[PDB]
Structure formats: C-alpha cells, structure tokens
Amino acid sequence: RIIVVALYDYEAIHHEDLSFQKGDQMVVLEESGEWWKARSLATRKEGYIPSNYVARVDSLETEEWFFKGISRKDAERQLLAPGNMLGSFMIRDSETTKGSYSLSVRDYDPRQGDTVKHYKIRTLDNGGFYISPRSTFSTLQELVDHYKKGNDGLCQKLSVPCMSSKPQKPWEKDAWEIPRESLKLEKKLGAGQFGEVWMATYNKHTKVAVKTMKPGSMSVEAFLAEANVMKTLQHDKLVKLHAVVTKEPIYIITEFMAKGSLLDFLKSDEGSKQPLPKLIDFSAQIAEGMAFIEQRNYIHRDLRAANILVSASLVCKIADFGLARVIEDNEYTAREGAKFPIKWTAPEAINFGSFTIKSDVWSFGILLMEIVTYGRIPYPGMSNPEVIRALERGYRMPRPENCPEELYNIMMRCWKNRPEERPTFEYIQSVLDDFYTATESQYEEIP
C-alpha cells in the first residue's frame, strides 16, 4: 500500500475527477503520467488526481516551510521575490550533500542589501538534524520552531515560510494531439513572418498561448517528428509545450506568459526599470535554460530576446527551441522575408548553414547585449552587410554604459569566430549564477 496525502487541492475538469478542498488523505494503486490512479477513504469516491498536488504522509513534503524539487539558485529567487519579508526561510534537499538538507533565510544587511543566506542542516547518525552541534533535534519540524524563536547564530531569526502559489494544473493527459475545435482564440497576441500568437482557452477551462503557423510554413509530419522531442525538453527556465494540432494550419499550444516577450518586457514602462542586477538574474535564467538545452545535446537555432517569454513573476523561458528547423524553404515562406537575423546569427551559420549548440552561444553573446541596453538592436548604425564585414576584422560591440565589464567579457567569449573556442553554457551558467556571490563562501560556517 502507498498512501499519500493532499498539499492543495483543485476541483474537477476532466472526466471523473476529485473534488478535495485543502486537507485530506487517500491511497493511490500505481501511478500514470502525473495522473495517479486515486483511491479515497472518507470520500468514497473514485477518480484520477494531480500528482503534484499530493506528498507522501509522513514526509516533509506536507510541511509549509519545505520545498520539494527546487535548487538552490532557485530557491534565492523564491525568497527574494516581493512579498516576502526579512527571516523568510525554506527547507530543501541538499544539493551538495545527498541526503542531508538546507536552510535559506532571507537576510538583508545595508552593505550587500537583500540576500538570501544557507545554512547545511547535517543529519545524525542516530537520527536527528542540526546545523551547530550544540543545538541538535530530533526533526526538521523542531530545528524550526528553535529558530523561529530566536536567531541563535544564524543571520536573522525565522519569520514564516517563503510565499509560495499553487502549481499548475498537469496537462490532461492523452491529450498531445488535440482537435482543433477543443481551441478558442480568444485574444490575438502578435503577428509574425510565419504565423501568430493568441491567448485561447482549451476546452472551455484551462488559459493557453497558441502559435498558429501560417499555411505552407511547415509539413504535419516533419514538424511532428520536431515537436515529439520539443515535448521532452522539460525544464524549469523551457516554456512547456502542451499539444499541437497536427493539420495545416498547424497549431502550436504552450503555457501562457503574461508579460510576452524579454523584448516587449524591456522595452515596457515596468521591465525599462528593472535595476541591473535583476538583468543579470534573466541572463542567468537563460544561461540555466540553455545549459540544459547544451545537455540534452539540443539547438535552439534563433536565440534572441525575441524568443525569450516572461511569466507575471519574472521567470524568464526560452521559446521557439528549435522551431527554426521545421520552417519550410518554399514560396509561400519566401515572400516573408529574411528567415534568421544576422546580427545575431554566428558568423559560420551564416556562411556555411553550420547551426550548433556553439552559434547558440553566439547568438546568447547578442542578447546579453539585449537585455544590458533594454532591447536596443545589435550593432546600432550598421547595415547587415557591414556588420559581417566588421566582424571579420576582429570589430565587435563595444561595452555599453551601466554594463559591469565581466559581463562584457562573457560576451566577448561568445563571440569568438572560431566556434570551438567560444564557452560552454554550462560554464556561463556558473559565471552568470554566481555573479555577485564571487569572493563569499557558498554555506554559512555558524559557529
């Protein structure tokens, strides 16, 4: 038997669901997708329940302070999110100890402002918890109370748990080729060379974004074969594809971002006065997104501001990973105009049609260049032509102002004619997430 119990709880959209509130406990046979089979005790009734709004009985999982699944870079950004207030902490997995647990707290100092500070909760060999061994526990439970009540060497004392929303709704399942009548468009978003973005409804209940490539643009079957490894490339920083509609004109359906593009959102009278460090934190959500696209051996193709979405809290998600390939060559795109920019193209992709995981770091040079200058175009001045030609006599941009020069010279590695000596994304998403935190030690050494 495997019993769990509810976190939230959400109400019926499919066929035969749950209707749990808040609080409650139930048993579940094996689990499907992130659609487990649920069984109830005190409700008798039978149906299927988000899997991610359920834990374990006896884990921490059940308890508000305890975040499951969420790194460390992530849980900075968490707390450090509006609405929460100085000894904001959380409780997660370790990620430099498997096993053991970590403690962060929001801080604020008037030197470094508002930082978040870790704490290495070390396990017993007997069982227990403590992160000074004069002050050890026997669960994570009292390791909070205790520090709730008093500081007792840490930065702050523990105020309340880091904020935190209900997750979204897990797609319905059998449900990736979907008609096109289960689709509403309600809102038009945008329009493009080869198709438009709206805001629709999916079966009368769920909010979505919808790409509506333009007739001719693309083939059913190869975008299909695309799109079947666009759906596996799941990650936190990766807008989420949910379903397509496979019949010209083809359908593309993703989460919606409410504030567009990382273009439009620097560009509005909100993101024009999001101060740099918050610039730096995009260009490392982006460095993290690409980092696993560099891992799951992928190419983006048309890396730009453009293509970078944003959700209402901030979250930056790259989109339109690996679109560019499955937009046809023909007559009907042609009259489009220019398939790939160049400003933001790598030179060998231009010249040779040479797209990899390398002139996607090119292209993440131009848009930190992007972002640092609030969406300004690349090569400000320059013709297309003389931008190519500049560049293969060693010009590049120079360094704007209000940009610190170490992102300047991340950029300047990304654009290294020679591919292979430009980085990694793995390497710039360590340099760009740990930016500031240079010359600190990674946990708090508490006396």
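Positions refer to the first chain, counted from 1. Here, rigid core means the biggest group of C-alpha atoms that superpose within 1.5 Å across both forms. What changes on going to the form deposited in another entry:
In the overlay on the core between the two forms, a shift of 2 Å or more in CA position is seen for a single residue of 216, 153, 161, 260, which is 216. Residue 62: CA moves less than 2 Å between the two forms after rigid-core fitting. With the core superposed, residue 43 shows a C-alpha displacement of at least 2 Å between the two forms.
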Second form
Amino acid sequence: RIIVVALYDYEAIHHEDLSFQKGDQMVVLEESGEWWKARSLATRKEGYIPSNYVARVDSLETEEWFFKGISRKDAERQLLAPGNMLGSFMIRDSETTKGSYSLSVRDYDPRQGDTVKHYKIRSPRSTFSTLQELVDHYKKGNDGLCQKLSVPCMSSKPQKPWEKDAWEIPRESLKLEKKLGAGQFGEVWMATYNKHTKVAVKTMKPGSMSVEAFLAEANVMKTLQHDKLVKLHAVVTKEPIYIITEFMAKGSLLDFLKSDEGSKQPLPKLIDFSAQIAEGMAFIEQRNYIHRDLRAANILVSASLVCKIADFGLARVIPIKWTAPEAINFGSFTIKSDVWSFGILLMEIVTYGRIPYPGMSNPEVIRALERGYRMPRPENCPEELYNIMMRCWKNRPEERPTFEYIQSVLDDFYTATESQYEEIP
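In place of the form deposited in one PDB entry, output the structure of the form deposited in another entry.
Left out here are the partners and the other molecules; the chain alone remains.
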C-alpha cells in the first residue's frame, strides 16, 4: 500500500484527473508513466495525477530544502534566479559522489558578484543526526560557511505533463490563435489545446515529406527528449501535418537578443545561454545525431530565460554563414560541422544577434574562409571566449572540440576547477 504526498497545488484540467492541494496525501493505484492513478485521502476521489507532482511520504523530496536530480550548475542557476536572496540554499544529490548529498548556498561577493558556493557532505567537527538537523544549525550564524542559511531555494511547479495517450490528436482539439512565424515549409502558431493548455503548433506544407515517413521521424524525436530540447507534445496525423510543441514565451534567441530585455543581459548571462545550448548539443553528440542548422534563430527562450534547441528533426525531413566548408563543399555534415555553427552561434550571442560576417555576401564569405579569414573579436567579448570560437572554426573538423568539452568550459567559465567545491577545516 504505497502512499504519496503533494508537493504543489494542482487544478484538474482533463476528464479523469484529480485536483489536489499542497500537502494532500493519496494512495497510489497505478504507475503508468507521467500520470498515476491514485485515490486522494482528502476527497476520496480516484483518478489520475501527474507523477512528478508527488513524492513518497517521509522521503527527502518532501522537504522544502531538498532538490532531487540537480547538477551543481543547475543548482547554481536555480539559486541565482529571481525570488532568492543572501543565504538561500538547497540540499541535492552529489553529481560526483554518486550516492551522497551536497549543500549549495547563495552568497554575495563585492568583486565577483552574486555567487553560489558548494559544500560536500559525508566538517568532522559537527555531528548532526540527519540532514534536517544539519539545516537547522546553519540558519543561526555560520559555522564556517561564507554565508549563513536563510530560506530554502525558490521552487516553482513543474511543467504539466501532456495528456495521457494523447500523442495522436484530432485537429479539433486546437485553436491556432496567433501566427508567430511563416516560412518555406509552413507556419508556427501560438495555440490552445482543449481550452486549457497553451502550445506552439508547426503547420507543415506538404512536399516530398511523405506523410507516414514524416511521422516516423517525429516519433524518433519524441524518444530524444532532453531538458534543453523543445518538448514534442503531440502530432496531427492528417495532412496538413501539425506538430504540437511546448510554448516558449520569449520566442527565438535571435529575437530575444534584439529585444530590450535582451540588450540588458550581462555577459555572464550570455555565456550561460551558450552553456545551455552546448548542453543540448552534447546530448545530441552523445546520441550520435546531428542538428545541421545550428543558429540563434533555431534556439528558443522560455519565460524563465531557459534556452532550448528548437528541433533538429527538420533535417530528417528536408544559410552558409553558419556552415563549415566541409559541409558546404562536399555535403559532409557531422557533429563537427555543428561545432563550427555553434562557434558562429556564439558570436551571434555575444553580438546580441548581429548577423555574422556583417557586410559580406555569401561568396565573399566562402573565398575569405579559404584564405583563412575569421570574424574578429567584439569590444566586449573576452579573449578566452573568442579563443573558444576559433577552436570551433578549425579548418580540419577533427581538431574542433567536442560539445562535451565546450559545455564543461562554458559551465565553469568564471570558476577555477579548484574552486568548484569549497573546502572546510
């Protein structure tokens, strides 16, 4: 008889799902993925609950200061997001000591700025019974920490999982309310699914993109979910093909960088964007795929300033200034040619969306590349960041770095390796 408890309030929006409040417990009846059949103990109603909204009772996730499955850098990102302050903290699974837990605390530093310090856990000069007591002490005066614990890190509701068994949907479920962009193969619309969920919808123009073959690839992309790739929610099988993805409130990185909220983003933020994108490419790199069209226009920014690679699968169904010479001349697109593109993307970001090689036509650009030309360095781009672009722009593909390496460098750009975790007496 399994029992769970609710971490956040939830309003039912479908037919068979339950409403529940933060703290309500319920008996688990069926475990079938993102949705669980359960029986609320507060209402006695049976129905479906989003499985990521609940945790086993008396387990660590029930605590407001615990954060399951969070990397050191994610913890750094979450702690630095608005709503937090000096002393804000969390306890999470250690990324390196795979089985133990670490502490992450927010600090201010007059030179650097707002920072996040990480402390490993099991100082020998302190024995607390379990993790709760540990928290309890450091809240009243630091026992060595660079700052003393104030409040747990702000946490917001997870994204609602898509409706169960609603991968193939009828067109009737959608109201496409606003055309966001048009192009060669169709349009992208801001839409509403069953009057309750805001989504984005890619409407396809039919071509050699064979129906039952286009849908084959979309099914592939649906297996390749990652936090840094845009969620594939649903599909409409009948021509013209509709692709339903999650809505990204701030649109393209290109447009967002050109905006006024964009022109306020400091360099550490721009690099953070780059790090997110490289994490997405690193996932793709690991799975042995290729994006083939990496650039700022194909990156989406969420409302919370999270950057995701806008899929990516469009090359499995169908701009040389972003393209490596090897793929331009012989059509040899690889993960290494994306690296080149990423380097160009990197320049876009630092230049707030300024078009690459400004003032040069395509052939101008190509012959310049063969000469050995590369874009110069903007009067705000760091030498060490520029050096990364150059390494991406190596003429021989095999000498360009991996995304795995690129991600690790951008992630800790301002942090010496020796300074990742603090070390206490």
